[PDB]
Each structure stands twice: as structure tokens, then as C-alpha cells.
Amino acid sequence: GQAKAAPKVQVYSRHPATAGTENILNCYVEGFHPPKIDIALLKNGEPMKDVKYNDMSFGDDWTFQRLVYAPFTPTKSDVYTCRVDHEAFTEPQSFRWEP
Amino acid sequence: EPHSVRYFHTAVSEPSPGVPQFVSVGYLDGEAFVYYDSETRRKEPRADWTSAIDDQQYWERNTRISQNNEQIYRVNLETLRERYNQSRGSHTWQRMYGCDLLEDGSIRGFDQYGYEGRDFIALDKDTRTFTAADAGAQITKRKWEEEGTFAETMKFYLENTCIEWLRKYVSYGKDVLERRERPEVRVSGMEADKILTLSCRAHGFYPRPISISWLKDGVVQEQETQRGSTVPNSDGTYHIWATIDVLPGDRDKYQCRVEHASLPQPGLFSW
Amino acid sequence: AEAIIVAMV
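Chains B, A and C, in that order, are what the protein sequence lines are. Here the first sequence stands for residues 1 to 99, numbered as in the entry's author numbering. Here the second sequence stands for residues 1 to 271, numbered as in the entry's author numbering. Here the third sequence stands for residues 1 to 9, numbered as in the entry's author numbering.
Since the hints were made in silico from the structure, they are not lab data. Be aware that one or more of the hints could be misleading.
Just a few of them, taken from the derived set where beta-carbon distance is under 10 Å, the chain B residues facing chain A [what the hints assert, rightly or not]:
#1 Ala3
#2 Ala6
#3 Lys8
#4 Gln10
#5 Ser13
#6 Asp38
#7 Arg66
#8 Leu67
#9 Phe89
#10 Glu91
#11 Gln93
#12 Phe95
#13 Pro99
Every residue, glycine too, gets a C-beta built ideally from N, C-alpha and C.
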């Protein structure tokens, strides 16, 4: 009966990334239904500080969208990923930022 | 100069972290300006220009409406659970409505409802009927139609009240709606398996509409370019990327063409 | 501004 739609996830930075510079890291999660979801921004697998969550929205196909974001200073060492858990997945999924 | 106001309602039967029982967000031209959820139970701004609203009773009047809407949708979720003969559990009720004001002054309006993420019922405002997706929805189609009140009322709201607030909103939001922010482009490359992948990223453009193209010597490589969807930044600007797989040899033949209102001519960008 | 009339299914 219920729609079961899995999200697709884009990870990206507010500005072109240059190591050592102040930036904002973005995770955009779209296309999921039902709206129950867990979205996490991870620094080297660990939880990041100062994450915000803009208001959930949705579109004409009724599926939901959410922007999770956090300030960060990217470096050549660190690995930033977005971890997304939702019942249309078989298991939590990870999405990698590319600088 | 077209403009839209839209309100999005989400009501769930079992809440979860991030998902209140009831949430209403108002959008002006796709940017948010009012918020209400069932945990704080007050209307609150989401854009600073809402401080220009001169109606003193605006926030308290709209709070009570939202408090009505959450009471009624709790009831609607219950009605639909019995109608569709469902168990108690996680369930979703959703509604979009609003008006558009087009370039020539004409107007459009919409009122769509969705249950469990599928269509349910939607207003055809210019025949004053509803389209039902379902036999379950036809029960609602009949109730609203035989009573004969609701379609005429929403039609009046969409064509009238909604458009009067939109003109007021568009005027208050003048600075934010009209700004232009140039995209900041970087082109990146990666050779894997004697195949070079070229990536174009446009960061921070406003307004939303943008066209991003990969060009081999000025010719569009439409069926070879893989592009992302327009995605929001935290400041109200947007982001988009487009990649192209090429032969490492042809490499200086490729240019990324970004077309956006902030640029007097399309920007050409090489690696 | 949101509509005053309520939407009872």
C-alpha cells in the first residue's frame, strides 16, 4: 500500500574546496518516503560538530527532501561522509564527499 | 517576474526524530518563509523579510489555523485508516496548495492531497470538482461534492486571498527575490583506465534556474554528459555538477558551458 | 497566508 521510496544523496561543499579554508559541508537527501529518516554527517566515521537540519520539504511525487549541513575546514587527510538510514534501504548507506 | 506561494502539510500517525506529528511550511518562490510544527505549536518566520508584514494579527491568526489543521489531520489519518481497512501503524498524510502569479498577470492555483505517499484527491478548481485516485478517495469526492461547499471555498481562497498575500510577499521580498549571485565554477579531472572524467561544479548561484553543458569544441555532448540535480545551499543559493567521460587525448577540446541569469553571456570553463 | 477553511476527509 504505502509508497516505499529510497533516497538519493548528494554531498558537496558551499564553495570550491581548498585545503585549510573555512567551508560548509552539505548533504542533500531527496526522494524518500516515508519521512522517517536518520541523516548523519561523519568526519572520518565519527560524528561532526555543529550540524544543522533545514526544514523537510517534498515535491509533486510526494517524496521528501532534507538538507543537512555543517561548517568544516577540509584537509588532504580527512574523509567526510554522509550516513543515511531509511527503511527503503536494506541497511544504512554511506555517501562520500569528493574534493 | 512570475511568483508562487505554496504551503506544504505533512501529518504522520507515528512521529520519529525529525518528523513531528504535524508540520506546515510556507514557501515563496521555492524559498521557505513560515514554519509551524506540532511540538512548538507556534507559527515562526523562516525569512527575515517577514518582519515587514504589517498585519498585527498575522502570526496569531496563522497559528490558530495551523492548530486547526493539525487537529483535523489527526482526524483525517484516523478516517483513512478505517476506510482503507488498515492496521494501526506508521501512516502519512500530505497536502500542497498555493497560487502562482504569471508574467502577464494571470493566476493559477492548486490543492493536492496525498495518502501514504500516493495521490489521493486533488482540486480541479475551474470545474469545482475533485479528481480521486482511488475508491477510498471517491468517498471523499462524494462528500465534498454532495455538500457542495468546499471546492467553491478553496477556489475563492486560491484565486483571491492567496494572490493578495503573494503580491504583498513579493513586494516585501523584493531584495531577496531579485538578487543575482554569480556561480563559482571549478573544473576537475580524473583519468581512470585510460579514460579521463571531467567534472564541472557551479557553487552558489541564485536564482535557481541554470543550464550546465559539456562541449567538445563548442558542440554539446548531451548524451555523454551526466549531470546532477539542482541542490540547495544553506544560504539560499544553489549547486549543480556535470561530468563527462572522455578519451585522455581529446582533452583541450572540452569546455563546460554554464548558463545562468547572473552571467550576461554563458560562461566557458576549461580544465 | 494559509486558508481558514478546514479540509475534513
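Can you list which hints this structure breaks, lowest number first? 2, 9, 10, 11 and 12
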